[PDB]
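A single chain, nothing else alongside it, follows as structure tokens in the form deposited in one PDB entry.
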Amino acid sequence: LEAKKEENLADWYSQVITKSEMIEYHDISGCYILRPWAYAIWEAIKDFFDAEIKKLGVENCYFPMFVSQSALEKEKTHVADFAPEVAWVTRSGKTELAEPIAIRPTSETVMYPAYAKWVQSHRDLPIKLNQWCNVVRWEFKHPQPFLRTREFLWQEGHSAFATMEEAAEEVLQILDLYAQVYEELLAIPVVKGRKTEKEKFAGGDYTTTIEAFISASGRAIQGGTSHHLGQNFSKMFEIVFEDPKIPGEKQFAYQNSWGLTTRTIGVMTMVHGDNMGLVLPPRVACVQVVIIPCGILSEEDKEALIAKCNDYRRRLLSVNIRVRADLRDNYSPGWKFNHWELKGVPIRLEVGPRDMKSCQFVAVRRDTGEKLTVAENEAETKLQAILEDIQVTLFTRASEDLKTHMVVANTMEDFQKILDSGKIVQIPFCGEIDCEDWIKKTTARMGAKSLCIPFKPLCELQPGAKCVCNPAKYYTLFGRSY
């Protein structure tokens, strides 16, 4: 494949997603086809996350994709700048609808009137619901596959609680799971943090987040969000119960909402991706081991080359390794090597006739590319061991890049000095909005925006330190971002 990754990041990414068979383009701009190689990743992420939130009592469901005209701005759910991102159905066939229907850009306007009818007492809480679904956002700044699409797949959770304490607990549990996804499955290191006033979801009380860093572009990307909504929506959609113990006080529910999208797949491509194609974290690669015969003129033993391949396959499916034998004879073995490497398969297993009656095979890992040979009997054992060092390696190496590329700055000239080195940086920060619109202006003369306030900043903020001016309220992570 043509591109490097230092070079022109976009075109490299354009080619890796297309030539690894993950994405296909579509007539309608900003929409993309998820071919099975990519969709499988989403399924693995969804299978992990789904097991997780059922242990916390969340149940899956499905809500309509359509929201009323009346219902959508019946309440101050979103801010005025969100109106342009809403797609409207105007016509059915060619008979104009009496009233425009909107395609859900998020489900809050669709679920919360249901919560209000379901909740008529203390018994009815908590409500913890999840749905995996598609949402369209006519996203104004320009799209690229995965990172920012115009239709995309996500799960969105909405839970309603009677007491504050339970809500604030579920906000961080969900956030730790998101971090689990990025770090246990995708091998991406993340920073947990809270949004500022400029960047928090206006209709809530506070917004939690994880932030990943793409060194090649030098930008951070927010990989997931968990809101504590308090009762802003409770009192607006009138989700009230009366407790007979506390006679005669309207009790509003405490609500959270949380979401995680296919931008996850884009982040894993960008950070682990090389100039030989994709690189797949083993615990997410739909195929972890591809079996190939090579040898790297005779007749009857070529079906015995292929009968041993399907034995290799079956024996490790009994060890629950996901495996595909590539028994196509149409292609040179060398061609399949490039082919499955551009798709980033972690382990290639070569079995040749002169190595077969050696009672063995060679394995090549996609991480480093070195070759080893391990007992035919010792296959279950050793191949699964190799898949795990592949994962810890890709976590470690991407960890080393985030570790190197995140540093502390205390003044503005050297926050600017190190930010134009393509690194993200934590600064003492006021926290107020106008101080922040300014930082991003004075860093163009794109600009650096608030990524988050890390729960665990890199250094303690000392008493009386100021940001630019008012004194500094916390160390916040700043940087250029998607």
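Residue numbers count along the first chain shown, from 1. We call the rigid core the largest set of C-alpha positions that still match within 1.5 Å between the two forms. Compared with the form deposited in another entry:
- Of the residues checked (305, 114, 87, 133), the rigid-core alignment between these two forms shows a Cα shift of at least 2 Å for 305 alone.
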Second form
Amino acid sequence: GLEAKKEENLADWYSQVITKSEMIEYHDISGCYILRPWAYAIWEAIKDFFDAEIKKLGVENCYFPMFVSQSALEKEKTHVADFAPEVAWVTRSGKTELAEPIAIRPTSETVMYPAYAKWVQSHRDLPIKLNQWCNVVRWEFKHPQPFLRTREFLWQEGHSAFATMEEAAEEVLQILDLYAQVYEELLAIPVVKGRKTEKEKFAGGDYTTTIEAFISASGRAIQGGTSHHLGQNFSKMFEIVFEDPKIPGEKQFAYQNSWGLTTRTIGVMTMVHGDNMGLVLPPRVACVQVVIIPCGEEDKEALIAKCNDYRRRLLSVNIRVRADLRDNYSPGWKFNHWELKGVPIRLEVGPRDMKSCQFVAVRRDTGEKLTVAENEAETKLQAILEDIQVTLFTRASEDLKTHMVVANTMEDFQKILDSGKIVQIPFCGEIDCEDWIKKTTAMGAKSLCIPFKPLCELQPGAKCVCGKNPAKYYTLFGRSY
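Switching from the form deposited in one PDB entry: structure of the form deposited in another entry?
Only one chain is given; partner chains and other molecules are left out.
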């Protein structure tokens, strides 16, 4: 049973939920966590969806080495200056020191792009569109949090190279829309699409697009996925070049994008939908969508037979169902065990209901008990699974809609901010003003994104909240992971 309240001590609740659902185990080392099968199945669902979608775009899977040389890692000064502090270095095998230290990848730009330079000889070799599903390492010394912010994590990283800027800019937004679909369609989490400010953009890229989610329980926002236009910054450094088809002998540098999505997804799901009885799984990603549980000697065998009847009908219509007919456990124990793991529907079959040709469906999101005729089993349960998905999104949506507001001045900005909300404010865009906002609001508020579709229209002559410069865009600010 769960023993911490989400609205009292959030960290204690998070720990409780992820371990009692059997999603996470703690490793010997700190900041390193084990994805047990209940969590990993959510990641596999995401992968199935996203992998099919990127295949539709022409992207292909590959696998690049986990180690990068010192020379490659250093070639793009801004990138390396941003990542160097947290790069992990291997220096020996056994007692034998290596010829040269080698780095574990924090991101794959510098392991892939010498190869791209090799593969791109002429215009017809482009575009190159590659993806890999792998693990990466960001050995920061700050406090790690399972799923949300870890030292090793699983992700997908895509890397594309194009002959023209237009193709590249188009892919950036196609990928970002896919990420939005993962969050909203699969995990029932609303997200805000936007661009990162100059201070928060990917080091070495030209611009970064992103989706931001809101964790109401802590009043904080978190980046869910990211899609960069790197432009020609990396291709100039790695010499990914092709001869201009029109102008003899002129070399052109490829235009590049990279884009990433991680198991942070599962953490957000958990923070957004979890409750005080445990995890709550959106049906669209649930490993088990329905769990059949008997309640209450010809009658005992008839009851288990009926349970099986329900299992086979639900499987017949492609609903993911488990019948927990274990005799080694109590029915109430089974109830709690599967509520903790977040199974969308509990299907209870007891003797009275069975002789009456009905069963009970219990929704996880609301706890509501429905009695359903045996006749309707497949149809109604399908309906209910869809309602759960919608309900989960709707509630989360309402939270976003009440916790993201507009503020045109610094005083109202501060007041709103420490009520636990995020705030769209008119912003001039300068790094100096962003730093100043951070300290004056101190955790201090960071920039989250410049919304594609902001709440209000910026009006002519609007000044930034610093008063010094004119406003360039409504920008979403808040406390962040």
